[PDB]
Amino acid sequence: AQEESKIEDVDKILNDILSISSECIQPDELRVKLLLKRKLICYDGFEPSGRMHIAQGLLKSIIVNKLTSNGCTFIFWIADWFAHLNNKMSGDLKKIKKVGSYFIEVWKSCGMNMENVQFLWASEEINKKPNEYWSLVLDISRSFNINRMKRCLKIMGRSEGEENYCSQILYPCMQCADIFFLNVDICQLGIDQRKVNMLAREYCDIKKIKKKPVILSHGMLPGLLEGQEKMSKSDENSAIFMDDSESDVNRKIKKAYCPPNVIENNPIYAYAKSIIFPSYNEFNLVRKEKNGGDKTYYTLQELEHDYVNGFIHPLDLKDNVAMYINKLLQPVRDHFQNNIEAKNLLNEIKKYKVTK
């Protein structure tokens, strides 16, 4: 037989999946998992705690498309109970659920392939099998000491510095339980969530569980301003939101940090690299004749090169980044304009006060 084309295919698949990742734990387990002649279950989880920003909408969608076009199933875990537990929207569950419904409406208009995508609500799923779920949570809690768990504080945007409520011990125990409860093959969350993903791998070793989840962390999309490592709602003025208008996006991009001929810590370059290039498979720099005219970058290396050496002005990088982000947002805008029910949902959502 010449099924050496299968090994070649897996390696092609592995390299493609990894190209979208910031850190894989571990790459070898991932290859192993891919040879499982079966769909791999991936998931990411979201606190419904305010407006969605483009990391959770546009960037997520690039990654999910890559996965589902390579034999994976993808679960969006609408972590409503988690948001409540973390005091979001003052812990008001009715508001959290409305935000959760809003998130789904966005994701459904993000040009994601839905054949292999699932939206699951934490509260619904847990309450379908509360004995199993809670037994798991308890078993996890008896396996790690308080200090160990306290080092997962980051997964909920918390620190040792603030007053540490017992809920901050339950939450990580519950997030860890999710991984097994949902039978995840691949935890595909942002790098800020990694500590609880590592905790789950540790749990496997402790319980001598052979089926171990692979941690496929993506990098943080940076905020608009210098020094903002993480676009988010809790970093004032860092985020472009999924409901931002065309002029909104233009205005935030124009005001963004984009240092001349430097790529490190440059959020504008980061959007070109992590969002636009993977979406278009090319970056087409449109620029005046005054400035060298249009040029298509077929590779990230060529792009980095022309930027770092001043061939690409910052203004030109900005203008194009803005344009593409607007084009990418257009389907979402169209949905929230043409679907009056979605429009109303967005409307109610914006009225909320973002509690921490």
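Residue numbers count along the first chain shown, from 1. Each form is matched to the other, and the largest set of C-alpha atoms that superpose within 1.5 Å is called the rigid core. Shifts are known only where both forms have a C-alpha. What changes on going to the form deposited in another entry:
Annotation: Cα of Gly292 displaced by at least 2 Å between the two forms, core superposition. Core aligned; runs of 3 or more residues with all CA shifts at 2 Å or more between the two forms: 111 to 113, 289 to 293, in sequence order.
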The other form holds:
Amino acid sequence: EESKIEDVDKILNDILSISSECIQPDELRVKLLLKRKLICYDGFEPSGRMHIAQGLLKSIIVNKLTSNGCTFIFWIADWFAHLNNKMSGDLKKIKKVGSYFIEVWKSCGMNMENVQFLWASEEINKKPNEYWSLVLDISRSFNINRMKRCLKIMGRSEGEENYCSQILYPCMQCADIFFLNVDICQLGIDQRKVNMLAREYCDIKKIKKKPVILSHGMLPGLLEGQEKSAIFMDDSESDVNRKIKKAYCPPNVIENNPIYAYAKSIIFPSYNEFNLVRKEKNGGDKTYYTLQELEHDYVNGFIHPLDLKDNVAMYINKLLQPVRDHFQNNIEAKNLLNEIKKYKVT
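Counterpart to the form deposited in one PDB entry, namely the form deposited in another entry:
Below you will find a single chain and nothing else.
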């Protein structure tokens, strides 16, 4: 039993280090000690070009989970994007974007057996009685104001026009968790309200198989007053360099620093190091083997923001290269990327 318990403890510690919040790691240990494959999932509204957090950052946690034997589902939330007034509600364009998402994921670390690309409308229509019965029962269990606390999962707020779709959307997202038999909800922190709703629903219905909530931190925006104007998976080297140099990067400050966050959350996990290239008069080249020294050097002003930007832009361009090469060589992926670049984001 020793070797069986040793690895699970170090698995949990590596998971909790790359995850911002885990609702009860004690339950996660119970599921990690199961003689089966766990079901993890994340969901995505095909609303346009893919954010760097949904591709490069996503591959880091996904490969950590799948390499231990877990299955990770990519929930292509096409009906949710239509419900959330994305892509002018055109479901035809949404499915085009969804196909572009699969091509990006397959070229940035998710061309794997333990990854599944599931379309929301396709899977719901296969078992509609089961899915919609879930949605109905969930709506019967919570009041309006409790459901309006989940408005953040759509990028909305209670200060604007609150449409009935904003009540229906979280009922369906809560239903997906049971419909997909999810063990671990691996979504961003901005999704935790509806994730806490599914656990609350289990207590109401006396369901003992409660999903574990494993939230990953939100990558801040490139500009100043931003916490969630961004790097896209299709940006060329010229675009990444232009966006990084104009980005917000306050000296000695780590919070809401999108440049440091890219180095801490994407670059460092992907390389197990951070090679900072500088001129000698600015401190010279230095190889960082721990985030503790990187944080210390930036807070104390050892790393100037200009030097951090140039290295972050260089690393991001290295990580985006297999994506660029897939879209420049796979002609069917190129035409798919060229077509979705013609859409108005709503």
